[PDB]
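**Q** As a plain string of letters, each chain reads:
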Amino acid sequence: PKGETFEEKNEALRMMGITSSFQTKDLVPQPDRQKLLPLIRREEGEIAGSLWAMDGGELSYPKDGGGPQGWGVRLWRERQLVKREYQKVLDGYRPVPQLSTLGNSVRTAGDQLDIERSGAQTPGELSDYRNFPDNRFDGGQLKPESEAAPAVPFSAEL
Amino acid sequence: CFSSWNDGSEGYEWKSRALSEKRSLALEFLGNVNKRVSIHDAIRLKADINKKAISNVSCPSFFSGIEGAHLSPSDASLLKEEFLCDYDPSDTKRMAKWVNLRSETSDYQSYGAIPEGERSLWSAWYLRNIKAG
Amino acid sequence: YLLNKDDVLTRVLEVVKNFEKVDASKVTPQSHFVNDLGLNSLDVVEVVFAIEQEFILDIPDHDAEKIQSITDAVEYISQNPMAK
Amino acid sequence: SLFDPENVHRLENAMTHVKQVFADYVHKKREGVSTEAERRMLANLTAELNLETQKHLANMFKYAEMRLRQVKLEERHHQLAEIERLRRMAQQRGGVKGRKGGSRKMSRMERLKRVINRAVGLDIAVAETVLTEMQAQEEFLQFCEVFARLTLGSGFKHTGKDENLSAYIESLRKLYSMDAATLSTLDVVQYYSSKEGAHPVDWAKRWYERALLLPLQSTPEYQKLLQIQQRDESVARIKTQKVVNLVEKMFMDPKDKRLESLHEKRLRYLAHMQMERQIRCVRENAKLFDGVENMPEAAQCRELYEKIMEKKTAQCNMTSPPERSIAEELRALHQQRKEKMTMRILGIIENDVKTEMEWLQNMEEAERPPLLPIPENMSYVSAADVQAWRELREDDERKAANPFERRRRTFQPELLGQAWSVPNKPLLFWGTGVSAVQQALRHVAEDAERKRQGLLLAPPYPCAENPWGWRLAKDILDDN
Amino acid sequence: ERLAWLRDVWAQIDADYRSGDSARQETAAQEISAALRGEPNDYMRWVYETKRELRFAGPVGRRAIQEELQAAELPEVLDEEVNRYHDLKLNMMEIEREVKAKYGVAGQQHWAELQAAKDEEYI
Amino acid sequence: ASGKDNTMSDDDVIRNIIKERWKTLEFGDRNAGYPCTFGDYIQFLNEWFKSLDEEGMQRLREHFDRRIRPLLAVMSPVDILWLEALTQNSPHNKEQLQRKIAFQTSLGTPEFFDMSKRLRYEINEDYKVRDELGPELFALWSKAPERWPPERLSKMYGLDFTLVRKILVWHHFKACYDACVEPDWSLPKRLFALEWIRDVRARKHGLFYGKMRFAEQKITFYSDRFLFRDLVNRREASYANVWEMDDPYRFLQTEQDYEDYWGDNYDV
Amino acid sequence: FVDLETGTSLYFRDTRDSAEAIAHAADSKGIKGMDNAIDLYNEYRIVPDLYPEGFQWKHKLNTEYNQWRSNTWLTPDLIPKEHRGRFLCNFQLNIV
Amino acid sequence: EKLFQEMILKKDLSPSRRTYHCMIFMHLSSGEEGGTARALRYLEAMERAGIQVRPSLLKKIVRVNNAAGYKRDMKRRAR
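Chains as they are written, first to last, in the authors' numbering: chain X, 710 to 867; chain V, 14 to 82, 111 to 174; chain P, 65 to 148; chain R, 179 to 412, 435 to 523, 597 to 753; chain Z, 103 to 225; chain C, 135 to 402; chain G, 50 to 145; chain F, 553 to 631.
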């Protein structure tokens with residue numbers, strides 16, 4: 710039957726009066742790409758809890774009494790798993806994460822000023838903003854990648 | 014002076030200032046809780062005011078800037122390089138090795154540079170690049 | 065120039081309905097505050113302050129005395145030319 | 179000798195000392211408190227660094243390999259430029275000799291010029307040509323800078339709307355394909371490495387043409403001066441006995457089918473350094489003379505604004521029409610070069626200490642309190658606002674009905690969990706508060722009976738029966 | 103492949119030891135004496151540090167380092183060697199000797215206040 | 135300042151002023167220049183949570199999961215003690231906490247704090263799977279289930295099989311529970327029919343249970359070629375997933391038989 | 050506060066030394082000693098050193114930052130020369 | 553199938569094990585009726601001609617048939 714592809718699916722949704730928010734497969738969230746979230750779900754449990762809750766009783770949250778079932782031990786073990794993931798980041802197995810609002814709000818205020826005037830998403834872009842001061846614009850804005858050309862030595866012609 | 018630039022306890026009045034500056038910067042980067050504040054409009058404007066105030070400061074040049082109006114191979118090389126090459130991109134990068142741009146700030150501006158084991162106030166991690174020579 | 069009396073009637077109808085002492089069913093386009101709505105005289109002063117917040121112009125103290133019902137309240141605002 | 183690599187443990191140490199005096203000097207420049215002593219200490223340090231650089235020029239000519247590579251590249255570029263100028267002069271002399279054989283005075287002048295070039299060990303014609311080209315480029319830049327300053331009231335604003343690097347290399351490729359009509363990337367990068375010191379004009383010319391919306395190739399005279407300057411400047437047994445250089449055999453041939461991407465990267469690098477020199481010199485013109493554009497006279501601004509209005513009227517009309598003595602000067606040149614390089618050192622030290630003081634003052638400026646908000650009128654939505662947003666409220670309810678358009682509502686503020694909707698009733702102030710006054714009357718009646726009976730509340734200090742200490746805020750009107 | 107790279111490196115040291123110049127032979131004897139005592143190379147330290155800085159830089163700096171060092175015949179270094187070099191703790195007495203040789207009595211007072219802060223953190 | 139915000143829309147300028155007025159919020163006395171106290175904020179939170187129904191509590195927990203839960207998973211307890219000291223805004227408690235070396239040294243680093251963005255993105259990606267891909271799958275399965283079965287949707291979107299069936303069950307039960315309607319209990323019996331027969335058992339209190347790996351003690355089909363050919367010929371003559379519209383369920387010609395089979399007697 | 054990869058036990062035997070184990074974990078706790086996990090069987094754990102030979106830097110130590118802390122008795126010469134730097138697995142001690 | 557019987561009948565070539573596996577898995581992966589009835593014919597032709605029948609082939613036959621059950625169910629629902 711027709712409808713396996715996305716063009717027939719979008720045409721059938723147009724005939725039903727529904728404009729699809731996901732036209733093609735690049736606008737698909739793809740939960741198999743997640744790396745930290747299944748690692749959290751495997752050992753401790755569901756970090757969301759209220760992702761699947763019908764009437765308010767199917768939620769997975771730690772108890773309020775404390776002890777080994779409380780919030781502190783669960784948040785500590787989640788922080789240990791995030792520490793394992795961050796150690797994987799530091800050794801080069803994982804890519805470097807982008808700048809978060811929690812990370813920016815704890816930083817040195819001059820670094821926050823450089824981030825907000827540069828528009829850098831990753832700290833590698835901030836390192837390119839600092840280590841190449843001739844690359845930026847007049848308003849402190851960061852220039853894209855295609856506008857930089859490094860010097861190629863003649864010793865590659867051996 | 015020139016003799017105050019070598020090692021061996023010479024130039025005590027400025028060496029103790031530089032060693033106290035790097036420690037006091039390390040103590041406020043780690044142990045000062047009041048500096049971990051998100052910036053607001055009072056910080057965003059007055060830092061731009063303080064950005065332009067330092068840019069308005071001009072350095073006082075010395076008397077070097079004042080001017081008026111079979112050769113050897115070493116003497117002809119200096120005259121030919123001054124006329125044919127007005128801008129040299131190779132020599133301005135050799136200045137970056139001598140000046141060592143952002144010497145005291147790239148110790149804390151790098152990504153993942155300082156380990157967690159040396160994040161105490163007694164730890165000596167700002168003294169790793171000290172080479173006596 | 066002047067706002068017509070059709071919209072400012074509906075403007076003063078909604079602000080008198082949201083008073084907590086009154087009911088929404090008792091209020092008519094021709095009604096009195098103390099007699100019909102059952103209001104104390106202290107909040108009749110609070111009635112004209114709600115007109116001073118709905119219509120941002122400041123009504124003087126002598127003109128606030130001349131209004132005592134809703135038909136005079138809709139008449140006084142429509143004659144004031146500085147209203148937006 | 180200080181800049182030699184054996185004394186680097188001294189060198190940066192000295193730099194920190196220089197840094198430290200600048201660490202007060204800008205400080206004692208920015209409050210204005212006795213900057214003469216810091217200037218004297220900086221002058222003494224500059225004299226010591228000048229002696230160090232006077233030794234270190236020869237010390238780095240003898241030891242440092244990057245200076246030797248730069249000197250070899252400069253000598254090769256000067257030899258290539260002198261060979262091109264000598265080929266052009268030989269072609270001109272051959273044309274003059276074929277036109278007229280009686281050229282004895284011209285031959286004597288050419289021999290005197292060749293003897294002067296051999297005595298100076300450089301081509302004076304190419305040096306004067308490069309000087310004249312740089313002077314005409316600087317004059318064109320100053321003319322376009324004052325024209326952009328007076329006409330539109332702006333300066334140089336480098337943003338993302340400008341000509342990027344790919345458009346620049348494609349414009350240069352199509353330009354030199356209009357010049358020679360048959361080319362490859364190798365000949366293009368060979369020509370750009372042969373020139374390698376001529377100030378390019380076309381990117382700034384395109385930016386000023388995009389800024390002024392008028393053609394600039396025929397109307398100004400400085401562009402035509404640059405154009406005419408660019409016009410006038412543009435056996436077997438013996439080879440067997442000739443020794444073969446082993447260093448040349450370790451490099452591949454330039455006409456090789458494996459070196460195309462290296463030539464493309466070299467073309468991108470040469471175009472990048474050309475565009476960076478253009479941005480450098482235009483920013484130098486915008487920091488040198490465009491500061492006087494804000495302090496310019498009103499007549500020169502108003503007459504140029506009238507000229508811009510006349511140009512806009514002309515553009516509208518065009519749219520309607522469309523519809597013992599050498600050594601002293603050589604020592605002076607050596608001292609000039611040494612003081613120039615020590616000022617180039619001190620300027621970079623000044624920029625480094627300026628940005629480090631900026632970073633430390635931005636560390637310092639974090640703990641200051643924020644600004645005070647100005648008092649606005651009280652938050653009130655009128656009945657006209659309610660009746661004006663009624664159709665939008667009903668359409669937002671219809672969009673909240675279906676799930677596909679639930680997030681497409683135009684008015685969606687949010688608290689912790691709830692989404693704010695369009696209000697259907699005016700939010701008032703004077704009508705509210707009728708229950709709290711009655712509760713306060715009952716409470717002050719029971720509190721008056723308490724004060725006549727001598728009763729205390731629950732213990733406001735954090736006792737055992739109340740762990741959180743809950744205290745009512747002691748008000749001065751509620752004192753008794 | 104690392105042994106082939108070390109043969110290609112030590113060919114230069116063998117050429118300098120058999121060149122006949124005084125400075126070349128003395129630097130080659132310095133390299134031989136540093137290798138025989140077990141002292142590691144500073145070239146390896148620079149290689150590990152520039153590999154970590156190539157790892158932690160952005161794409162402009164990564165392209166600059168990759169274009170500068172494409173012709174320089176660098177050894178193929180794994181990430182685990184850079185992580186092994188980086189995760190080592192620094193020696194306290196070597197830092198003390200460097201801070202008392204580079205700086206004099208100011209270095210001794212700085213180390214005394216550092217030991218004072220150490221004994222305060224011990225409390 | 136002119137150079138930072140040269141030209142942007144009105145939504146951007148009100149977002150910027152909303153952001154700057156959000157971050158400049160402090161808790162002191164009302165007459166001392168500060169807008170409110172901490173206890174007034176706690177009273178606002180208490181009487182705001184009292185004014186919520188179960189849908190509002192569900193949206194509150196969803197806002198906790200999307201935004202506050204990654205920040206709590208990354209931050210240390212000394213960091214939330216510092217945040218509590220920032221809430222109370224007392225100079226006494228701040229001066230008391232600034233004396234501690236373990237409070238100052240054990241503060242979190244921003245490169246470790248940058249994992250909160252990826253964790254927040256993953257949680258919001260799961261909520262985008264639920265709330266944004268959900269109604270589209272519900273419409274495609276509810277209009278023509280014989281044209282778009284759950285295995286076709288799971289293959290063309292690539293999420294999972296059980297996740298798509300859970301999304302359909304959760305969306306129908308969410309539409310029933312939010313409209314004060316008794317939910318159709320036959321829908322987990324229809325989407326998880328094999329799972330209802332296999333997994334759902336009556337469980338007693340004080341004893342533990344197991345799971346049968348196989349139903350019968352049999353000989354394997356790899357032991358002979360004829361048993362292998364019989365298994366392959368039976369699997370070709372079989373479905374992979376059977377639903378309510380297939381040919382074995384074509385005897386349900388009446389909706390009364392439809393509600394009789396899938397309702398209250400499916401286990402019989 | 051256990052780590053499920055390293056802090057578990059292989060055997061069934063209850064030696065009842067968990068109180069002394071948490072006492073020694075609190076004794077080894079410092080300013081950052083509470084951030085890592087607690088191993089109740091750390092007294093019986095033998096972690097082989099994987100680096101007997103390599104580059105010996107002068108400015109750096111031979112110890113690492115993230116290293117498992119030893120016991121009161123565990124010395125690096127317990128594993129012999131032919132097995133030194135060979136075992137990729139952590140061992141647990143059981144007394145007969 | 554045309555090139556298969558042209559290889560067998562005309563050029564008199566003995567097909568290898570891999571090109572027998574291809575004709576097995578093509579009829580198995582196709583959801584039309586009688587695909588496994590021809591895949592078992594190719595299995596019989598492998599058996600009676602001395603071609604090796606590996607256990608990995610049998611496990612892949614079961615796995616590919618269980619995977620192509622989706623295509624079989626779609627081609628049955630389209631009717």
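Some clues are possibly wrong.
Unchecked claim - Derived pair list, reagent style BS3-like, types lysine-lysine, alpha-carbon separation capped at 25 Å: (1) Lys289/C <-> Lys734/X; (2) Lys65/V <-> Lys48/V; (3) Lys204/Z <-> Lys48/V; (4) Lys511/R <-> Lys134/V; (5) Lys250/R <-> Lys511/R; (6) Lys59/V <-> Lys234/C; (7) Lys153/C <-> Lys59/V; (8) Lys289/C <-> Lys698/R; (9) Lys792/X <-> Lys204/Z; (10) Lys300/C <-> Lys262/C; (11) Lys130/G <-> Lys220/Z; (12) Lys797/X <-> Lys130/G; (13) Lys48/V <-> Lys184/C; (14) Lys511/R <-> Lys402/R; (15) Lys48/V <-> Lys262/C; (16) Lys611/R <-> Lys335/R; (17) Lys511/R <-> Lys90/P; (18) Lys109/G <-> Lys204/Z; (19) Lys852/X <-> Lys35/V; (20) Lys109/G <-> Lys228/C; (21) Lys852/X <-> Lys383/R; (22) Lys250/R <-> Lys383/R; (23) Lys449/R <-> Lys352/R; (24) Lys554/F <-> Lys623/F; (25) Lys291/R <-> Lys339/R; (26) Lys623/F <-> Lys711/X.
These aren't lab readings, by the way, just hints derived from the structure by calculation.
**Q** Give a verdict on every hint.
**A** Now the hints, each set against the structure:
As the CA atoms of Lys289/C and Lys734/X are separated by approximately 12 Å, the hinted pair is consistent with the 25 Å bound. At most 25 Å may separate the alpha-carbon atoms for a hinted pair to count; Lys65/V and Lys48/V meet this at roughly 23 Å. Pair hint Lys204/Z plus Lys48/V does not hold up; C-alpha atoms about 32 Å apart against a cutoff of 25 Å. Taking the CA atoms of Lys511/R and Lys134/V, the gap is about 46 Å. The hint is violated against a cut of 25 Å.
Restraint check for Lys250/R and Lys511/R: not satisfied, since their Cα atoms lie roughly 52 Å apart, outside the 25 Å limit. Our distance criterion of 25 Å between C-alpha atoms is broken by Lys59/V and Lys234/C, whose separation comes to about 32 Å. About 19 Å separates the Cα atoms of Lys153/C and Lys59/V, which keeps this hinted pair within 25 Å; it holds. Among the hinted pairs, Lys289/C with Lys698/R is inconsistent with the structure: their alpha-carbon atoms are about 50 Å apart, more than 25 Å.
The straight-line distance between the Cα atoms of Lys792/X and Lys204/Z is roughly 38 Å, outside the 25 Å bound, and the hint therefore fails. Taken as a hint, the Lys300/C and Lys262/C pair is honoured in the structure, with Cα atoms around 14 Å apart against an allowance of 25 Å. As the CA atoms of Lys130/G and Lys220/Z are separated by approximately 38 Å, the hinted pair breaks the 25 Å bound. With a C-alpha separation of about 32 Å, the suggested pairing of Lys797/X with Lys130/G is violated against the 25 Å cut-off.
As the CA atoms of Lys48/V and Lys184/C are separated by approximately 37 Å, the hinted pair breaks the 25 Å bound. Straight-line distance between C-alpha atoms of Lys511/R and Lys402/R comes to about 22 Å, which keeps the hinted pair within the 25 Å bound. In summary, the hint linking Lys48/V to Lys262/C is not supported, as the alpha carbons are separated by about 37 Å, beyond the 25 Å threshold. Of the pairs offered as hints, the one joining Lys611/R and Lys335/R is violated, with about 35 Å between alpha carbons and a cut-off of 25 Å exceeded.
A C-alpha spacing of about 71 Å is found between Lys511/R and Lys90/P, which places the hinted pair above 25 Å, so the restraint is violated. Between the alpha carbons of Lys109/G and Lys204/Z the distance comes to roughly 18 Å, so the proposed pair stays at or under 25 Å and holds. The straight-line distance between the Cα atoms of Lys852/X and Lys35/V is roughly 33 Å, outside the 25 Å bound, and the hint therefore fails. Only pairs whose Cα atoms come within 25 Å are accepted, and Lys109/G paired with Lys228/C is rejected, the gap being roughly 38 Å.
In summary, the hint linking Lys852/X to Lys383/R is supported, as the alpha carbons are separated by about 21 Å, within the 25 Å threshold. Only pairs whose Cα atoms come within 25 Å are accepted, and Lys250/R paired with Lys383/R is rejected, the gap being roughly 34 Å. For a cut-off of 25 Å, the pair hint linking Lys449/R to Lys352/R is broken: about 34 Å separates their Cα positions. Taking the CA atoms of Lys554/F and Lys623/F, the gap is near 24 Å; set against the 25 Å cutoff, the hint holds.
A distance of roughly 49 Å separates the Cα atoms of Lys291/R and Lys339/R; the hinted pair therefore is violated under the 25 Å criterion. As the CA atoms of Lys623/F and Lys711/X are separated by approximately 13 Å, the hinted pair is consistent with the 25 Å bound.
Checked against the numbered hints given earlier, the structure breaks hints 3, 4, 5, 6, 8, 9, 11, 12, 13, 15, 16, 17, 19, 20, 22, 23, 25 and satisfies all the rest.
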